[PDB]
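Novice: In case you want the letters, here they are:
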Amino acid sequence: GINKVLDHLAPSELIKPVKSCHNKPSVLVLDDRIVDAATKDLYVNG
Amino acid sequence: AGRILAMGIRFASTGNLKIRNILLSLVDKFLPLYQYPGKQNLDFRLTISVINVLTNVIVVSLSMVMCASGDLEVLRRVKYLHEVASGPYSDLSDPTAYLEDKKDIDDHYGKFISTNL
Amino acid sequence: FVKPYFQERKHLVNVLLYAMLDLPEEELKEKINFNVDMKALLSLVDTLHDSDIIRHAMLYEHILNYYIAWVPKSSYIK
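The listed protein sequences correspond, in order, to chains A, C and T. Sequence positions in the first sequence follow the deposited numbering and run 5 to 50. Sequence positions in the second sequence follow the deposited numbering and run 1333 to 1424, 1475 to 1499. Sequence positions in the third sequence follow the deposited numbering and run 367 to 419, 454 to 472, 483 to 488.
Simulated from the structure, these hints should not be mistaken for lab results. By construction, the Cβ of each residue, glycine as well, lies at the ideal position given by its N, Cα and C atoms. Among the clues, some could well be false.
[To be verified] Partial pick of chain C residues on the chain T-facing surface, computed with a CB cut under 10 Å:
(1) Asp1360
(2) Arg1408
(3) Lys1411
(4) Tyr1412
(5) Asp1423
(6) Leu1424
[To be verified] Calculated cross-link-like contacts (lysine-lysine; reagent style DSBU-like; alpha-carbon spacing at most 35 Å):
(7) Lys1361/C - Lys8/A
(8) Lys369/T - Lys395/T
(9) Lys1485/C - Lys1361/C
(10) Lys28/A - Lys1411/C
(11) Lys1361/C - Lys20/A
(12) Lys1484/C - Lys28/A
(13) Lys405/T - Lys376/T
(14) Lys1371/C - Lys1485/C
(15) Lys8/A - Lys1350/C
(16) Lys20/A - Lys1371/C
(17) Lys1371/C - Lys23/A
(18) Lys23/A - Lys1361/C
(19) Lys1371/C - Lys1361/C
(20) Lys1350/C - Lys20/A
(21) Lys1371/C - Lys8/A
(22) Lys1411/C - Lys20/A
(23) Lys376/T - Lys395/T
(24) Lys20/A - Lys1484/C
(25) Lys1411/C - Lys483/T
(26) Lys28/A - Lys1361/C
(27) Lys1361/C - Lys1484/C
(28) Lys44/A - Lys1350/C
(29) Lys1485/C - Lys20/A
(30) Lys44/A - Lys1371/C
(31) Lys23/A - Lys1411/C
(32) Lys8/A - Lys1411/C
(33) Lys1371/C - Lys1411/C
(34) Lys1484/C - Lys23/A
(35) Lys1485/C - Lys28/A
(36) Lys1485/C - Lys23/A
(37) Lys28/A - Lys1371/C
(38) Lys1411/C - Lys488/T
Build the full structure now, drawing on both the sequences and the hints.
Specialist: So, in structure tokens, the structure goes:
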């Protein structure tokens, strides 16, 4: 039990898939000339 | 972190075997997760920053209990924490980029002071 | 300890570079007035020419295997 909760706390081999993150900071588009379902969720006034 | 730090300071320089073995098991378990930005998520990133703090504490505490002995496995663990920067680079708006690099370089500085101690 | 005895002898420099470059005995015999043992020349030549003197998972394994596996007057000594 002690070992298993440590493994749940610290999953060594379970988590790391490939370690291949691109690391660039993601950019959000705020323009209001294109109509899309995702933009409508974040942009309210129409 | 708090429990092991009190534990390490309590058995300071007196040396022991069970405490050393427990910390060896703990550091072996906690070492692979260290400085792994796999899925760049703020919740995950904060938790693994706490992991970096926790692994810094375990190495320092393990060194504290086994001070002045020149042990092998403690040296083995502290050598590994010392070498290999890891992090986002390698393998495992200008001021804004400056702050982004500053956060990572400060993380490396914090990781280095612990292993040097 | 031994070099001053080498500088004492005069013809050492010429014969040794000629040994270095493995020059033929005919060129040696043209301007050197003392006999040189051909067997010694071939033996030193033989000694001179004697020359007996999947990528991200290996980093986790080789970071662990190479950094946690404790293996328990100038240099001029090449």
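Novice: Are the hints correct? Go through all of them and say.
Specialist: Structure-based check of all given hints:
Annotation: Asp1360/C was flagged as interfacial toward chain T, and the flag holds, the nearest CB pair being 8 Å apart, inside 10 Å. Using the Cβ-Cβ criterion of 10 Å, the hint placing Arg1408/C at the interface with chain T is satisfied: the shortest such distance is roughly 5 Å. With 10 Å as the threshold, the beta carbon of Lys1411/C comes within range of chain T, its nearest partner Cβ sitting at about 6 Å, so the hint holds. Nearest Cβ of chain T to the Cβ of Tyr1412/C: about 4 Å, under the 10 Å cut. The hint holds.
Given the 10 Å rule on beta carbons, the hint for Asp1423/C holds: about 5 Å separates it from the nearest Cβ of chain T. Given hint, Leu1424/C at the interface with chain T, holds; its Cβ is 6 Å from that chain's nearest Cβ, closer than 10 Å. In summary, the hint linking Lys1361/C to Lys8/A is supported, as the alpha carbons are separated by about 11 Å, within the 35 Å threshold. For a cut-off of 35 Å, the pair hint linking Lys369/T to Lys395/T stands: about 27 Å separates their Cα positions.
Distance restraint check for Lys1485/C and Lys1361/C: the Cα-Cα separation of roughly 26 Å lies within the 35 Å cut-off, and the hinted pair is therefore satisfied. At roughly 31 Å between alpha-carbon atoms, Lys28/A and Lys1411/C fall within 35 Å of each other, so this suggested pair holds. Taking the CA atoms of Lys1361/C and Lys20/A, the gap is about 14 Å. The hint holds against a cut of 35 Å. Between the alpha carbons of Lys1484/C and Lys28/A the distance comes to roughly 15 Å, so the proposed pair stays at or under 35 Å and holds.
Between the alpha carbons of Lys405/T and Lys376/T the distance comes to roughly 22 Å, so the proposed pair stays at or under 35 Å and holds. Taking the CA atoms of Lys1371/C and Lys1485/C, the gap is near 18 Å; set against the 35 Å cutoff, the hint holds. For the given pair, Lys8/A sits about 20 Å from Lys1350/C by alpha-carbon distance, which is consistent with the 35 Å threshold. About 9 Å separates the Cα atoms of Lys20/A and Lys1371/C, which keeps this hinted pair within 35 Å; it holds.
Restraint check for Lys1371/C and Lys23/A: satisfied, since their Cα atoms lie roughly 8 Å apart, inside the 35 Å limit. For the suggested pair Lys23/A and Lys1361/C, the alpha carbons sit about 19 Å apart, so the restraint of at most 35 Å is met. Of the pairs offered as hints, the one joining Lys1371/C and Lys1361/C holds, with about 20 Å between alpha carbons and a cut-off of 35 Å not exceeded. A hinted pair counts as satisfied when its Cα atoms are at most 35 Å apart, and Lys1350/C with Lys20/A qualifies at roughly 31 Å.
Proximity of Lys1371/C to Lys8/A is assessed by CA-CA distance (about 23 Å); at most 35 Å being required, the pair is judged to hold. A threshold of 35 Å between alpha carbons decides the hint, and for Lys1411/C with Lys20/A the separation of about 23 Å falls inside it, so the pair holds. Note on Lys376/T and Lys395/T: the hinted pairing holds, with a Cα-Cα distance of about 17 Å set against a maximum of 35 Å. Taken as a hint, the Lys20/A and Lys1484/C pair is honoured in the structure, with Cα atoms around 26 Å apart against an allowance of 35 Å.
Restraint check for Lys1411/C and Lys483/T: satisfied, since their Cα atoms lie roughly 31 Å apart, inside the 35 Å limit. A threshold of 35 Å between alpha carbons decides the hint, and for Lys28/A with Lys1361/C the separation of about 30 Å falls inside it, so the pair holds. Note on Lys1361/C and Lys1484/C: the hinted pairing holds, with a Cα-Cα distance of about 29 Å set against a maximum of 35 Å. At most 35 Å may separate the alpha-carbon atoms for a hinted pair to count; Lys44/A and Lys1350/C exceed this at roughly 60 Å.
Pair hint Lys1485/C plus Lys20/A holds up; C-alpha atoms about 23 Å apart against a cutoff of 35 Å. Taking the CA atoms of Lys44/A and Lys1371/C, the gap is about 27 Å. The hint holds against a cut of 35 Å. A hinted pair counts as satisfied when its Cα atoms are at most 35 Å apart, and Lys23/A with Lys1411/C qualifies at roughly 23 Å. The straight-line distance between the Cα atoms of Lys8/A and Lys1411/C is roughly 28 Å, inside the 35 Å bound, and the hint therefore holds.
Restraint check for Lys1371/C and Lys1411/C: the C-alpha separation of about 27 Å stays at or below 35 Å, so the hint holds. With a C-alpha separation of about 22 Å, the suggested pair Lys1484/C and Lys23/A falls inside the 35 Å cut-off, and the hint holds. Taken as a hint, the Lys1485/C and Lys28/A pair is honoured in the structure, with Cα atoms around 15 Å apart against an allowance of 35 Å. Simply put, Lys1485/C and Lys23/A have alpha-carbon atoms about 20 Å apart, close enough for the 35 Å limit, and the pair holds.
For the hint pairing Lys28/A with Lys1371/C, the CA-to-CA distance comes to about 12 Å; that is within 35 Å, so the pair holds. A C-alpha spacing of about 30 Å is found between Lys1411/C and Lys488/T, which places the hinted pair at or below 35 Å, so the restraint holds.
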